[PDB]
Structures are given as structure tokens and as C-alpha cells.
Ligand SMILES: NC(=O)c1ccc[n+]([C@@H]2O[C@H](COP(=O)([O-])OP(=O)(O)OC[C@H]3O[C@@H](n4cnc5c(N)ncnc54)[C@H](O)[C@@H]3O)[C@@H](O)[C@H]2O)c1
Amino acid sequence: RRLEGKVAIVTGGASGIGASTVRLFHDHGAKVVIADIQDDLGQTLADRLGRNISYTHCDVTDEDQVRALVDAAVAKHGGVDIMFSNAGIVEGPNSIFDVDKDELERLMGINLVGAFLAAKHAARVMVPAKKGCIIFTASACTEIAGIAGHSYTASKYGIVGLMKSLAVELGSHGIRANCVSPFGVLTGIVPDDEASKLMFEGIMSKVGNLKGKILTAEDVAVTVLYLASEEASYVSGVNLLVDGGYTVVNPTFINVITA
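For the form deposited without this ligand, what structure does this chain take on its own?
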């Protein structure tokens, strides 16, 4: 359909949002290369999807590995059209007294430095092609505070600013750099049959502002499909939230005055 004959690299594409983006991009004609370090999940997936889907282990904290993944993909299919820097690790809401200098630098390496390096080499191969699309995974905590840890928030804020400066610089060559800032999708925490899904799906019905629909990974996948489609040929520098209006309301006032 929308991605017939396009080539995509999806870091973290073996689990959660990346896996759904990978399945979706496959469904729309794209030549996709799963990139992750969960090698069983990743390689099994790229073989389950099949002919147009490859896998490539890549630690985003090692530039040699990153440069290798892009150049391998360039050699297999001909070029890179979509670069989805999804790989990251999360941190729930916490205190600054729970920030460990070690855990902090590790979190930053995976989230932000992985984003820089993934972008740097995506740009390196895209500039000569004068065509392309780069999409970062930030989070809703970029527009509101209180749904993520301090280091995780700070890492995703930097991801947003990087995406911005990328749109300016990389615009000169006609390739776009956008974000997506989804919410808490039911893929990160451990699954256990139907009890966990229904209870967590009920709490999302509680906390979310837009009630009646629940955020799946496929939902974030189609947002990225649009953001990566040529239907967005003039969208760049945009941090498109998929939050149902959570980051635009502090209902403390209404709820206190309704008691």
C-alpha cells in the first residue's frame, strides 16, 4: 500500500511498539530489518514474516554496531527510507533520591545516545538519497510531568530537542524528522493471561482523559505509519502525541470542587 518498495529500520523492533510497527510496515509492502538485542524474539519474528524482513543485532550504545546495521541494510535492499529509533528502557514516576548515577548514565546511553547515533548514521545514508524519513520514540512525559521517571523524562526531552534540530538541518536535503510521544501501552510490563490485561485495561479507562478506547501498540503503529507515509510529505519537527488529551489537562481543580 503506502510503503510499497520502501525500506525501514526499526530499532527495538522485536518487542512492544517496535514489533507492531514492524508488523505494520511489513503489511504495507516495506522491506524491513528488525533491529534489537532480544535475538530470539527478533530473529524468529523476521523469519516468521519472511522474505522482505531481515534481523540484525545492534546495541545502540556501540557506534560500530550501529554503522554496521545501516550499511548492512543499505547493501541488502538498496537504501534506507524510514528510521524508527524506538529502542529504549523505561522508568516509572519516582524520586530524584532514587536516581543512581550509574543507572542514570546507562539509561541516557540507551535512550538518548542511542537516538543520536541511530540518527547520525540514518542521516549519513539519507543525505545522498535526498529522500527519507526519521521517527523517534519519545513519550507523553515530554508535554506533561508525572507519568515517568526523572531520568526517563530528561532522556525523552533530549530526544525531542534532537528531533527538532534534525528537522532544521536535515530539511535542507528533503528528509523529515518527527517524534511520537505515546502513553503507557500494555506491552512493557509482564503479561499473564487475561487477568492482567483486563485489570490494566480498566485502569487505563480510569486515568485516561479520552475514555472509551484503549491504547494498544497497533494504535501507536498506525500513527507511525502515517508519520512515515508520504501522506505526511510536509510534516517535520512534529512531536505527535498519542495520549488522548492526557497531557493537556490537570483535573485537580474540577475534582476538588466536586466534593
Contents of the next structure:
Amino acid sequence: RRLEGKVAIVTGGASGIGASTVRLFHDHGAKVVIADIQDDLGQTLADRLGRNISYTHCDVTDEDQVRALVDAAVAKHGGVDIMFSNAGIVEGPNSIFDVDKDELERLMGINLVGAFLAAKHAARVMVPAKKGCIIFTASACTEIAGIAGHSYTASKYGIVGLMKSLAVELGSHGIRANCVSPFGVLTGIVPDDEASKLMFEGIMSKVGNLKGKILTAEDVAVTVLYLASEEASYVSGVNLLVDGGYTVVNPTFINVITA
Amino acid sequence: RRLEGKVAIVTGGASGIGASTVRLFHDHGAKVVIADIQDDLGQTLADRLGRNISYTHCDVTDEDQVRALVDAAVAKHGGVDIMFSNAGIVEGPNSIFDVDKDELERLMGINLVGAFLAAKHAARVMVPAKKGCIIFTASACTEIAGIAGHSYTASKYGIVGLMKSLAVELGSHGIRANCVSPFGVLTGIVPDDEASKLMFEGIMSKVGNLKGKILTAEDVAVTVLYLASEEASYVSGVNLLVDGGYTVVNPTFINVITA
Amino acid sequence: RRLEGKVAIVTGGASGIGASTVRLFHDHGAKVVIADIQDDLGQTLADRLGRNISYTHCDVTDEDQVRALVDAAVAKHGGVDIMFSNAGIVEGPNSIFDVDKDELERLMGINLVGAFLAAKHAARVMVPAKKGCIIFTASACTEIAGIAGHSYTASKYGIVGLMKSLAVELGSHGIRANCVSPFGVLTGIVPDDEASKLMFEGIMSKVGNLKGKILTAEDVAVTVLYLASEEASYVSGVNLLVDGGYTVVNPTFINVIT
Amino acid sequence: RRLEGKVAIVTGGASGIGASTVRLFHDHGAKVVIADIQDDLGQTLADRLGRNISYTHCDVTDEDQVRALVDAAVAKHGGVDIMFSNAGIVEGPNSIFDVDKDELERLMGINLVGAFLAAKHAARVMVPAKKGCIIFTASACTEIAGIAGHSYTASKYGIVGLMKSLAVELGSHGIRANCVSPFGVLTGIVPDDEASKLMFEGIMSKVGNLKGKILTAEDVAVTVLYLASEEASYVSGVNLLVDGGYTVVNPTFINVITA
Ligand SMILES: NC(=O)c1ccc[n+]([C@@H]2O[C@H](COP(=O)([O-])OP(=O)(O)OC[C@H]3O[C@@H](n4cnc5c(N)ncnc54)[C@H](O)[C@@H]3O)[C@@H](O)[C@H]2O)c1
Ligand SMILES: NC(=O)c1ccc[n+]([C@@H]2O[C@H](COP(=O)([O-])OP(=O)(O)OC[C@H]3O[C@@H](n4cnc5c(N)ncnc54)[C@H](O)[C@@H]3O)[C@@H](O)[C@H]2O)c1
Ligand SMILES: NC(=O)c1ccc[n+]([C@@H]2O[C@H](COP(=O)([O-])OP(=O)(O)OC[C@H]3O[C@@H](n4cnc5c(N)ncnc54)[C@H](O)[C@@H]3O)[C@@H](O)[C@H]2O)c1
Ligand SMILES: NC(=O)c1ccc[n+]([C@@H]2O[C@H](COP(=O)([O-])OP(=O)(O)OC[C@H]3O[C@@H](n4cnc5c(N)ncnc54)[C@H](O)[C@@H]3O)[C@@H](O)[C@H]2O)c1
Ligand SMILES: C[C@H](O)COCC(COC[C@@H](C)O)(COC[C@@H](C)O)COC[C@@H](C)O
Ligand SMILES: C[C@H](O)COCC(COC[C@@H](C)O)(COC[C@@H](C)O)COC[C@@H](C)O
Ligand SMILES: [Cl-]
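Next up, the form deposited with this ligand bound. The previous block was the form deposited without this ligand.
Below: every chain and molecule of the assembly, starting with the one above.
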């Protein structure tokens, strides 16, 4: 319903938040090109959801693969309304001494250069149409320290800055650009069924500021749907946190004086 | 659909963004109490919309009326799911030499003290329910100068701070608190197009950062609907700008070098 | 000697961060008018500091007293270079259920309405001078929740918003406006009471993000001195946190996993 | 006298803001190691400033050169009190279509990867000392769009994020980390030729929000001196704008309605 006839690309679409968004976009009448490098999981998802959902292999660090992915999408569906640049790799809290120069450049390539290229070539086909929507997956670490690694933190800050520059430049052509910044969702790893899922959703239940709710990838997908739809038709330049208020509080003082 | 069985109170509900939100909440199956001091406009709206929409006179500077309004809502519908604290008066850009102490205190009473009272008494009846949602109308002046008066700007910053400390305290009870900060909204004129819409586009087309779109009171109602719905069930502490990216740019530098 | 010949007004100048700044301003050659309602403490500080330091009773909620105070400063010293709008009352973390409408309005009058009046009447005499500096005492609660009460928090946000519109309007006249947002400040007992200082470090050494250092009123005064001096001659619109990084971290996640 | 006996390293110290900070540090009793890749400019400055100021060639993209530069400073002076990570190249505002993937990676290496390496190896010799200070040169583009290129902007956001997580990690060891974010300064950006000095001063006076003052490299150096001194001994995690309020205003609306 809400994305009837819209064409959307989702990088990192074969798993996690990307997969949830591909599924949600599908349920709302969108044509979605899943862009990923886990070809077996990604093609399975596209085949599983039917004719509007195609899979395209794209390593977002390779500009030629990104260029083709976008050119293929316009060729297939006539244009791209929504670019959800979501591919990235994750680092938990670490030390500056744990930062290896090669692993920093590797993460910057996937997380930040990939966002640049995905945006550049989405803009390439959106600007002539004078319409379109670019959404980046950032992270709640963009608003509070203590929940992600140094290299990762710098890369997501860089995305926020890129998102704001594009919101201005592409505003002249009627195109919006925003970020969604989730607070830790269960994804990836070996799904150590009960062991990993119970341990995660028990930690997050003590860590979160908003009690009685656990953030799932499906929750993030719904916020992406909001940003991508005409219900957000005047929303641009925004880094929208989905974090239950985690980033607005430092509870140390209150914890210390009462315990 | 999206607010089926939910009970909402809307201050400043008889006109403008409040009236638009009341109408949209009604369309989504919510029970709505319009709270205002424009008894003619407010009662007329409630009668037109039917059984689920009522009108209650409430001056938000009067704590007895604010307490009575929330207690009557529980008595009538059994609880309050959504408090949309939206009542306020507006000031365009002005000079500090124009700030009159009595007008400052009057605006603070309506804009900022009224928000405290609505949140205090909503929280009182939401906390036992272990669920609920407080949404304030702030303003895009909370993130850029140059679009609102001195007294008004300080009152809306105060609301943002209240919202963030409410998101922390009330998060322990499963309750969310957020702000919507709209930019240039056309109100007061009879919509469905008009002479009044097109020419307002004439102003905003030179002012806005996002070209080819004007913000309407109905667009803002839609963003409040998102924040108030279960689609935002892990969004809290957020001041959500609806400004087309106006607040993320100062184009003076680009303007001067391209003159 | 960084404020040689400069004229400063300090609201809430009779104690705490205000008094520390009054003393530091005096040490740097400033002429200071202490503005407060603690007449005895305030007159004593002014008498003790000498010819360049005066004292004026001024309830910042009373606009006539605020206008009179600034006009007296111009009449006495020829103008006002620095307005340190610092008067206010504090609230530690509390519940919205504790917010009393009369105490909310009382605090708003002092913390936020007083900030408007001080700034209005400073701007009035600074604009003809084409120079000057308005500095507000805000608070680190403007950038993190959990360290101040509801009413207090809203009043300090209001100050930040007021500061930013002032930086714009007064920027055209060469006038700067900034906030200082300190964290856990000792204030209370200025005289060398070691018992109270070490005990305060017992709390702050567990609460603060920057370890091995405690913030004092004299440290806040030094940061105000920077903002008020020509070393900050192009700093404007800034809410300057003095918090050791407290407001940039929520350590709950790391605490739970470790 | 304000940095008497302190040991400071300044990357990009041979020109511009870096050189200005080196001389001001020299004037305040500091021992300074100038770190740059412009060997003739840097060695000239170290010779003229005397015994306390030396020069070390260091390309900030090579971790071994950064490693050696910090070890050489410790070998000579016994430790490092101040790391002024200032090296970078600048981009004026541009279009996303102008972003070349190779140039993006080149700028990321200098601006952001270089900051990472400088901070890592400063932290290496500061953490045992239980004292120290890391200062990054970011940019006013970190708080509004419209004054820098896309690649440059994303790199300076990344620096801010890195600064925030260091202030937390290094806070437990008594070490502070901050950014200084200047607006437009006449340096090695536009040539020493006086035909470009009368023009740069004229643009900045029209563009700035604070009138009657032009930002110079010496003004920034003084703000770095504040951040690096014991006068800011409880300031950490701060991105300190030196911009005259440029980033807090979008004057478009006021410009059009009074045009
Ligand atoms: N999972 C969390 O807890 C969490 C928290 C905050 C932010 N995020 C962000 O959300 C985004 C999505 O991650 P996720 O949580 O859904 O886990 P995920 O790993 O299952 O999904 C991310 C996908 O990115 C793809 N990827 C890696 N390199 C790629 C490349 N070069 N080209 C194309 N795809 C590539 C992976 O194949 C993967 O399917 C990421 O950008 C991540 O940084 C996640
Ligand atoms: N119009 C804009 O462009 C704009 C821009 C930014 C923010 N806002 C905010 O939007 C909010 C909604 O106003 P609107 O723009 O839709 O038009 P509006 O002013 O007509 O509606 C606001 C209502 O607040 C009510 N009000 C004033 N005092 C009250 C009191 N004591 N008790 C109860 N109600 C009281 C008014 O009666 C009014 O109907 C306001 O808080 C306003 O500040 C509007
Ligand atoms: N104490 C802390 O830890 C802390 C933390 C964050 C912010 N602050 C801010 O520092 C500011 C100064 O207070 P302080 O902490 O130094 O304690 P303080 O008691 O020593 O100073 C407060 C001053 O405000 C004055 N005051 C109250 N009402 C006044 C009025 N009507 N007119 C004139 N002066 C009036 C008081 O007399 C007093 O001199 C306050 O705005 C406070 O919020 C303090
Ligand atoms: N001048 C301005 O208007 C302005 C505005 C905002 C930010 N900045 C920042 O100020 C910082 C300092 O640069 P500047 O403006 O003084 O101009 P600058 O070119 O005169 O000084 C920067 C120095 O970095 C050096 N550099 C380049 N690559 C290097 C490398 N790989 N290793 C070591 N040094 C290298 C340059 O040689 C130069 O001496 C930069 O990071 C810049 O981004 C400047
Ligand atoms: C294994 C992994 O958890 C190590 O990271 C913890 C660490 C704790 O610092 C945060 C505290 C607020 O000072 C640094 O590791 C310390 C050694 C002793 O294990 C994380 O520090 C980075 C901040 C930014 O999150
Ligand atoms: C620096 C520049 O952008 C500020 O202009 C001053 C200003 C212009 O308004 C005039 C117009 C009739 O409303 C607005 O002040 C800036 C505030 C918005 O922060 C001064 O206003 C004088 C009249 C409105 O009483
Ligand atoms: Cl935050």
C-alpha cells in the first residue's frame, strides 16, 4: 500500500535490518532490488518473496558494481525512488590500541566509502527525475559514546555528515536524505538459537532506557518505511534515532547516589 | 486502523496542527478529547467527527483544568494512550529590544508551563498503565536561529529539555516522550487548495531547502501519527525536525561566492 | 592581566561561581559590579576587593532593578563590556510528579526570565558600543539527562536557545553571546575546608568521566574568563561544556557486559 | 608561561594554523616537535624558534612514521603532554558528482586515518604517564552544511566521533581529548599573494555572522592554547566551534521577507 509502484534498492539487503526492510517494502507494494554479497541468502530471499523482488550481487566498495546495480535497477523498473544504503560491518566497544590501520581502512571502505558510492550513483538517476529518497543506516553511537568501536564510530559519524551535505545539495532537485540510527538489534553471528537470543535480549533489557520492549530489526524496518514514504515527504537532513532514549541519559550520577 | 482503541488528548486541538491531528487520529480509530479554549471551534469539530471525539474546555495554564481534563478522560475512556501537548502561541523573528516582560511571561505560561502541566498529569495516569506516549509540538527554531522570536525560541528549547528528562524518567514505565519540530506550516486558511496555498508556495520556494514541496498542517499530523503509533514503539527522547533540511544549512557562503 | 579596563556585571555575584568569577575578573584588571540579593555577602566581597569592585542589589526578576543596575554601571564606568548572567537556583534530579506549579514559575522567573532581562538590558548598552560579551551560566544538563531536575533542566535549555538567537542578532553589532555549562561544582564552601573537598572527590571520582580531577567554581571562573576575553574574540553562539566528558557517554551497556 | 615545560607535537605544523600554534606554544614555554611533510618550511621554522622547537618529517598516513615521531619526541623530551593532530587538506563546497573514489580515499587517509594514527600513538605514551591532551582540528562544517566539500565534511565528522570515544576511553587515565572547529581562515588555502588577501578578507566580512572581526590562524591557535592548557583541565569531549555563530543561523527566511 504505502510504497505501491515505488522502486527501492537495499544494500546489505540479504540479512538483518536490510532483509527486514526488503520484506516490509515488499508488503507495501514496492519493487525491491536486494543488493548484497551473500548471494545464496540474498537470492533465496528474492525468490521467496516473488516477482517484485530481485537479487543483484553488489560489493559496495567496488564503484563499477555499484554503478551497474543502479543502472540495472533503472533498466528493469524504469527508475529508483528509494536508495536504502544499509550495508556495513559492526564493531562493539573497544580500545584505540585495538585499532589496526588495515582494519580501519577496510571498515571505512565498506561503511563510509560504500555509502558515498551508493549515494553518488543513486543521485545520478534520481536527479533527472527530480525526485527520490536516500536513507543511510547510521547508528545510535552517532549520539553517545560507549556502545561501539572507534573505527566504527568514526565511519557512522561520517555518514551523518554525508547525509546532511546531500540533504542540502539534493534538496534543490526535490530529493530527501536521512539516517536511521538503531540501538543494537539481534542479527548476524551463528544464531546460537536459545543461547545467543536469550542472552542478547536479556542484556538489552537491562541496558535500555525504555523498559518492556526489545528493539528488533523489524522495528528498524518500520522506521525506514516511514522515512522512505510520502508520510516523510518534508523530512530531510534528519538522523533519526531508534534507541528508546538510550543516548539522552548518563545514569551514572543517579546510580551512584542511590547505590 | 493504526490507533484502534487508543485514547488521545490533544491540547490546542480546535485549530491548526491540533485540529489536523484530531482529524487524522479520528480516521485511525482513536478516541480523541479535544482540549482548547476556542469553545466554538472545538465543539463544532467534535460534533462533526462523531461519537469517539469530544471537546473539553481547558486552559493549559490552569492546573485544575489540566488535572480535570485528564481525570475526565480516564473516567470516560478508561485511560490515556497519547498526550499530544500542542497548545502554544507563536512569534516570528524579532529583536531583544522588543521583548516585553509581561508578554514573555504570558508566552512562557502557555508554551512551557502548559507543557509541564500536560505532561505531569498525563504521566500520572499513564504510569499505572505501564504504557503511553507524550508528544510535544516544539519548533524548527530549536535547531536553527532566524525563524522565531526570542521568547518563543526559549520556550521551545525548554520543551525539548522537558521531553528528554521525561523520556528518561518515564522510560522505566514503558512510556515514550518525543517532540515534533515543524518548519513553515500553512494554517488558518480553508485547505483542499486555494489562492492561499499557491502563493505560500511562492514564499517557501525561495526559503525552503527542499524544493518542490510545502509543509502543511496535515503533513505534521502525519508525523505525529508516526510518533504516537506502535510504529515508533522504540523511538523516545527524539526531537523530530520536519523542515526539509532548512536547519542543517547556512547558505550565506555559497550565495556570496556565486553572486 | 587580560581584562584591563573592561567593565563587567555579574548577576548572582555574591557567592559560588559568581563570586569566583568576580574575584578572577578583579585579578585581571576588570571593573566589576556585583549584582545579587545577598546584600551582606555581596557588600563584603565588594568592600574586600577594593575600588574597582562595587555591589548593587538587584533581584533579576524585577525589570526596574535590572534596568537601573545596567544604567548605574554605564553612569559609573561608561559602559558594560561583559554581562555574566549567572543568577539562578538549582534542582537535582527529581520526578515530574514532584513539579509544583508555583515553584516551577518561581524558578523560571529567576533562571530564565532573569536571563532575558539581564540580556535585554546589556544588549541595550552594548549595541551603541559595537562591542561586548554576554555569557550565561547554563548547565551540563543541557546536553545529558539525569543530573538535574525537570524545571531546572527546562530553564537552562531556554537559556541556550536565548543565547543562540542573541549571538545572531547581536553578531551584527560585534557583540558575542555564549553559555558555560558546568558539571559537578563544589561552590558551597569557598574557604579551604579540606574535609568538604576530599569528600566531594569521593563522589565525583565515581561519577565523573575524567578521573583524577574535580571541577571547582574557580575552574568555571577561568572558562568564563576565556569566553569573556579577546582570546575568544571569534567564539559566539557556543554552549561550552565543562564536564570532563560526562555528557558524551552512557556507560550502562559497558557496565552490564563487564 | 602557560605551557612551561610541557611537550607538544603538532602535525601539519609547518604551515597555517599548525605553524601559528607552534609559535604560540613556543611563546608559552612549551617544547614543540613540528610534524609535517613540507621539510623546508618546517625546518626553517624550528631553526628560527630555537632550542625548544625541533622538526621531524612525518607523513601522517604511515603508522611507522607516526610511531617513530612519537617515540622520537619521548626519547628527546621524556614524554608528550599535548598532541595537536592538525594535518589535513581542505575541500570547498562541491557536488556529489564531483566525488572521485580515489580522491575520497586520499583525503580520508590524511584527514581521518591520520588523526586515528596520531591519537593512537599519543595515547601509547600518555596512558602510562596518567596525563595528557589530544586536540584535533575539525571544522565548522561539522555543525552546518554549505561550507565544505562532501569528502572533507565526512572526514571531519569522523574526527568528532573519534574525539568523543577517546574522551571516554582516555578519561579513565586522566587524559583529555577535544576538537577545535574553525570557520574560514586565510592560510596555505589561498596563496600568499596580496591580490588574494584583499579578496578573502572581503568575502569573510560579508559571510560571517559576527561582524567587525576576521578570523585568523592566530585566533585559532589561541583557542588551541586554551584547550591544551590547565585552564581547560576539566574540558573533554568538546567540539569547540570558532565561527562567530555562523553555524547557528540560517538567515534565508529573514533575508527574503526583508529583501
Ligand atoms: N545489528 C546491530 O545491532 C546494529 C546496531 C546499530 C547499527 N547497525 C547497522 O545496521 C547495518 C546493517 O547491519 P545488520 O545489523 O542488519 O547485520 P547483517 O550483517 O546481517 O546485515 C548487513 C549486510 O551487509 C552486507 N555487507 C558487508 N559488506 C558488504 C559489501 N561490501 N557490499 C554489500 N553488502 C555488504 C552483509 O552481507 C549483510 O547482509 C549496518 O550498516 C550496521 O552498521 C546494526
Ligand atoms: N504555524 C507554524 O508555522 C508553526 C511553526 C512552528 C511551530 N508551530 C507550533 O505548532 C503548534 C500548533 O499551532 P498551529 O500552528 O497548528 O496553529 P494554532 O495557533 O491556531 O493552534 C494552536 C492552538 O493553541 C491554543 N492555545 C493557546 N493558548 C491556549 C491555552 N491556554 N489552552 C489551550 N489552548 C491554547 C490556541 O487556541 C490554538 O488553537 C503551536 O505550539 C505552534 O507553536 C507552528
Ligand atoms: N552548583 C553546581 O554544581 C552547578 C551545576 C551546574 C550549573 N550550575 C549553575 O551555576 C549558577 C550559579 O549558582 P552556583 O552553583 O554557583 O551556587 P550559589 O548559591 O553560590 O550562586 C547562586 C547565586 O544566584 C543568586 N540568586 C538567586 N536569586 C537571585 C535573584 N533573584 N537575583 C540575583 N541573584 C539571585 C544567589 O544569590 C547566588 O549568589 C547557577 O545558574 C547554577 O544553576 C551550578
Ligand atoms: N584555513 C581554513 O579556513 C580552515 C577551516 C576549517 C578547517 N581547517 C583545518 O585546519 C587544518 C590545518 O590546515 P590549514 O587550514 O592550516 O592549511 P595548511 O595547508 O597551511 O596546513 C596544513 C598542513 O598539513 C600538512 N599536510 C598535508 N598532508 C600531510 C600529511 N600527509 N602529513 C603531515 N602533514 C600533511 C600540510 O603540508 C600543511 O602544512 C586542516 O586539517 C584543515 O582541515 C582550516
Ligand atoms: C572488551 C571491551 O569491553 C573493552 O572495552 C572497554 C573499554 C572501557 O572503557 C570505557 C569506560 C567508561 O572507561 C576500554 O577497555 C578497557 C580495558 C581495561 O579492557 C572501552 O573504552 C572505549 C569507550 C569509548 O567505550
Ligand atoms: C543577523 C541578521 O540575520 C539578524 O537580523 C536582525 C533581526 C531582523 O528582523 C527584522 C525583520 C523586520 O523581522 C532579527 O534578529 C535575529 C533573530 C531572529 O535571532 C532583528 O529584528 C528586528 C525587528 C523584527 O524587531
Ligand atoms: Cl546525547
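Note that the rigid core is defined as the largest set of C-alphas that superpose within 1.5 Å between two forms. Numbering follows the first chain given and starts at 1.
Novice: Where among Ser233, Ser196, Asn209, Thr44 does the Cα move by 2 Å or more between the two forms after the core is superposed?
Specialist: Comparing both forms, the shifted residue turns out to be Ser196.
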